[PDB]
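Asks: These are the residues of each chain, in order.
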Amino acid sequence: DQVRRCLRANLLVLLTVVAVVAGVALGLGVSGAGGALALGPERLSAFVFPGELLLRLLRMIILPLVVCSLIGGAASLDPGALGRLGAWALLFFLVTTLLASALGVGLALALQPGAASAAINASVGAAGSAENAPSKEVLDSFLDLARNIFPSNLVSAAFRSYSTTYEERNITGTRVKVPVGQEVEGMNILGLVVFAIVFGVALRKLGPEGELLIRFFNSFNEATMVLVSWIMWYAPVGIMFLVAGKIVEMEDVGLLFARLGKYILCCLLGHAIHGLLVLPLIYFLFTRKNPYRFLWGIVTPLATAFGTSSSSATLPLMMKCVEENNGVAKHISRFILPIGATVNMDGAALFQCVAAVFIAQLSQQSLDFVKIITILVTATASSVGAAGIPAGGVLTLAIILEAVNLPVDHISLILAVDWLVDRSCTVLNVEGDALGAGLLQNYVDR
Amino acid sequence: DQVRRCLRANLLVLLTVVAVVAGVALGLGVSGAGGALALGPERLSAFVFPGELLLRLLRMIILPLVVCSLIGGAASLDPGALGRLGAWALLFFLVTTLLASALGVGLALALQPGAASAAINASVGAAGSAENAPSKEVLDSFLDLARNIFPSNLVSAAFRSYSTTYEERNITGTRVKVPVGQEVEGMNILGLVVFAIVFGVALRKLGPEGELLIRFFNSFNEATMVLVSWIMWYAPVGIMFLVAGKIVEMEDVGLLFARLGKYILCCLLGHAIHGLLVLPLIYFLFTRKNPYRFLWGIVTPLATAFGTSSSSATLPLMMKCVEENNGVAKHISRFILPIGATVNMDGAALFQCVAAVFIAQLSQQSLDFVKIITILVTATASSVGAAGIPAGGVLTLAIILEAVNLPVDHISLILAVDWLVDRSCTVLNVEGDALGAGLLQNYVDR
Amino acid sequence: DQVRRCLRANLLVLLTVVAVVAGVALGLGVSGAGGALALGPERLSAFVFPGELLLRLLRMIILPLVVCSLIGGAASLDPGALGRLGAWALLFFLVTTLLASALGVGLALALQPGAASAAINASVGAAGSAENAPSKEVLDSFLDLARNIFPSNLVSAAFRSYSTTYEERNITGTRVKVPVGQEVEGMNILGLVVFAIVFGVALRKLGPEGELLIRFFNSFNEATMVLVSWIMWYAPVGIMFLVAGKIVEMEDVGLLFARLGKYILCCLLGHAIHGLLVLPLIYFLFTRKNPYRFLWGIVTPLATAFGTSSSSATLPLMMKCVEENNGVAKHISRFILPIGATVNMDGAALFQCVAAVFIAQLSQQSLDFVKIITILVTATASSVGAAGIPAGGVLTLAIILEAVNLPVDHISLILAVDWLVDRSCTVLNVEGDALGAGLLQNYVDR
Ligand SMILES: *[C@@H]1O[C@H](CO)[C@@H](O)[C@H](O)[C@H]1NC(C)=O
Ligand SMILES: *[C@@H]1O[C@H](CO)[C@@H](O)[C@H](O)[C@H]1NC(C)=O
Ligand SMILES: *[C@@H]1O[C@H](CO)[C@@H](O)[C@H](O)[C@H]1NC(C)=O
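Chains as they are written, first to last, in UniProt numbering: chain F, 43 to 488; chain A, 43 to 488; chain G, 43 to 488.
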């Protein structure tokens, strides 16, 4: 019939979502047959490997993609039009992140997740084990991000970022701390974006002298998009083992719900309202077109983000699916998506704002109005250079709580349920710019 | 006369082999005049340096050669012909390595190197000094190689590979070990081969759009082959100091022979039979042509392998000498030699199989038939990703002995005679693919 | 009037030198209002940051500049003319460094900086804190530099150099030390220069086959020079915070003068005589043209060197200002300046020679004539690969003093006044080759 007509023509849509429900089904099946203790750590890592091979194999594409697509992108058009394009671009992610994070305030205020339950049983959450975090100061973090932009060595910017630590070497008579930088390991995605855009304007500022080299990076981009076409077919195999691997690791019974499940129901709902009902309403108001036609065409990287739980490890999947399944130009789509991959971490900002209210709803705190705007503007500003580190939501939450001087006594309670909720973060994180990609397609016609 | 006619026209053949006998002559001359103690470690490293400068200066060529020649190679012809070419290729190294390693079994079985001699005086071999090796588990090693293929960061794949260690951090109540990866330093040659072939097909899959970039990497390959032409003339100077440097370092008297010299006579003979009598017989059976005409034309990298004692540090020397001194096409020779440099370590597999029989010939062990095929199939499979580390034959021998549960009580006896026998490994290691290069030249005519 | 005519047309000359006097004015103003203790280390690093952002942002340009300009430079002309050009080039920096360092001998001999003052009060200088330096041996340092030329991995040559340390692992019965190399972090500028020149000849040795790739690196150089045009305008903002940052850090009162100020008056005068009176006299003798017309046109990188206090972090500023403000050809100026940035550290050699006389003028030492030529030829030879490390003058002074066996008992006295005098080193260091750039412009006409 015609049911097999839409079956073959939408195979990637069908094969991906049948895999993510297979991972939950396989994951609960192994936990029902004993679990990780039934297998042991010998045969455990062999089970989680063929999914973990995908998350490794996909990250090697973004170094010859991000630094190569921006030069081919941001050299076709005029620099005055680019600053015209960049002004509407950078304004869009800022308004989205403020509106998403303020949604997390009132959703967590008018629900009270600090309920008389096992959530207020947080005496198990302290545990005296990993209390003394590094927890860098709030001035040094925003100082670090500006230093992380414009990297020191350009080859060093491909695998190691810049960070800062603290040394207690002042035993002069006053035991005070001093900062020192050591360049810990993790890919500096933000540092290479700001180079390639600045380098891309310089070819445009040259005349026909740089006509050879703009054709070079245009071609080098194009073969990579052929190479990522083959990666997409392995992605239904990998996500089946990402989800099923993670279920076996953590004890997902008794602590999933019935201990703090009011909080998980709160923060998933914040990801449910924003991006699925809020961002399509913004897209409908500017385009007067059906957003769910546009949203269905990019369903494969959204399920990939729920597999990988990484925002930057779905960027090549998104750049293909927006370009092919929906009508966008090449240069205008292969420009806004890399820069809009590491500046608009609003699903983090939705997560990071609620959890700070969550521990303040308990333990009797009084954030009436002055603390609300400080906890709003700091979360939308800290969520810029939060790309490389895996548990960035836990690490950058301490600098929120220090600047609004709330108790950080049990941050371990937000931890160990963040394999699930931050997995929903990257779904919403890569969803905003993709709608923002098609939003700029509207009035680029005029 | 005409003796000076063949002298000038075969200068590289004459000048190289007169240097390797000069290194043995110079090395025994310094050891006769006291030795390393007569010079002291101050003036010692100045003596070994101008050879060690060659082994450093040569390795910097293989990064813009391996990743550049494969793209220019594996993009001219069809992908269906490539998989046709790769199937005969990958089958050839597997049959060669099995036939070479099984030759080591019967040569070590029907000679009994565990003789009533100073070889069974292994009480000096234990010494209680470096017994507790890391000695990674046999599942984790083949898990590591698949993870070492498809590297994480492509810039990180140029100088640091991936490995795995063990941490004892499980003091939960059961003191068990856990694996963790840390990316130790050493060039990931295997990780870059599998990228450049996959990247090379992607240009072929593009039409005339990638016509610019295939001409780029074709040219970038060509200037490097001009640059390696100048390196070849320094090679008779360097090998004179590699050999003469190594003789002064180790005490080469009394322990060379007359302690375990039956073993060295056994394993050099295995390198003597295979590759000099076995591999020419295979080449004669498929080509009906004189193999020693072909074997004499590549005598300069074979003596370079006996100098450098490194398989991958003779690849640019081999790619020139096969292309010029013998009749092969450029694209078919500059493709099979990089991929056949890090997959066919059969001289290691000849070494690694005999030494496991050697310590089992002594200490009264009973490998009748079941242990023979396990010690055969594991040695031919572990010898794939053994490129970067210098003492790979000693390190990967422990994972052979664990999987066939033989005593590893004196592995230090195989050590400290491995400067000589593994120096004969790289001779046979780079000899197989060069014969395999001309073997594919036969029926590429049809 | 016409005073505003020369104001706008020489804005970079005016705006740069008004900033360096603003940094001394701002720096003494903050130290007068308490100082660093008045601010505290919290708000201290925020004050020194916008200057430190310049020194970071500028270093990322020299990797796609040094390795790219030399190939485009050293491939236009003939290799016989290049060796003709390189012979006059390498002779010029050697004669300059000998003449500059011998000027430091007689200026320090016939002034006696070891005066009966607080300089001979060096009992505060010992302090028993950091006496046990690594202080590598004099043979191993020149062995290290030759090994640092021709790097191991070409990607590894972009951010980590090679060095050597010492391990005490010989507890055989004689407690002696052994060298071992570990590749500490710092950009290998010298290792990439010697590759790109050798690689640049190889394109010239090819005919029209490499005509594509020489046009590639010619274009890739050109867009970088457009990119450094924008960096120059930020440089008056940065140098205002480099100088004012450094004044607040060190206690610049009482120890600046009146403790060892005879020495600082001696070594600044050596930088004052050479390069301002000696090198223009050499330039006048070969060109018969006004050197101060030529010297005024490059005043902006000279003040940048006094800001950054780094020789290699002014190379892109110098390559533009020589090319535009003065009449030189592009290929002959974008070749001699990178190779003449890391071979002619004569301002270091002026510094490093006087300080060794300085501690020998005190403590009653007898360098009559034999020690004078050894302290002269070693300082002009050690000052080759001294690029990457910040405090290279302190570190390489110990290998001078060991080879002329003077007491190293207070090397900390030369330290902590080296923020000022080595800041004058990089002024004279980048001044010699720029005069040498225009010196080769004279008889390139014939
Ligand atoms: C949790 O809180 C309830 C009351 O809300 C209390 O009865 C119970 O003992 C607490 N602890 C646990 C482990 O359930
Ligand atoms: C080595 O073995 C021989 C017997 O073959 C014996 O005579 C000799 O003492 C042994 N040497 C040592 C050091 O044990
Ligand atoms: C420094 O030297 C002067 C001599 O001019 C002497 O008066 C003073 O006591 C010395 N100070 C110290 C701390 O040695």
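Just so you know, the hints here were simulated from the structure itself, not pulled from any lab data. Just so you know, not all the hints are guaranteed correct.
What the hints assert, rightly or not - Under the rule of at most 27 Å between Cα atoms (straight-line distance), these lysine-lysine pairs were calculated in the DSSO-like manner:
1. A:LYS288 - G:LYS219
2. G:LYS178 - G:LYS304
3. G:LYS178 - A:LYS288
Asks: Next, verify each hint and record whether it holds.
Replies: Evaluated hints:
1. For a cut-off of 27 Å, the pair hint linking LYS288 of chain A to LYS219 of chain G stands: about 20 Å separates their Cα positions.
2. About 30 Å separates the Cα atoms of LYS178 of chain G and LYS304 of chain G, which puts this hinted pair outside 27 Å; it is violated.
3. Restraint check for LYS178 of chain G and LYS288 of chain A: the C-alpha separation of about 25 Å stays at or below 27 Å, so the hint holds.
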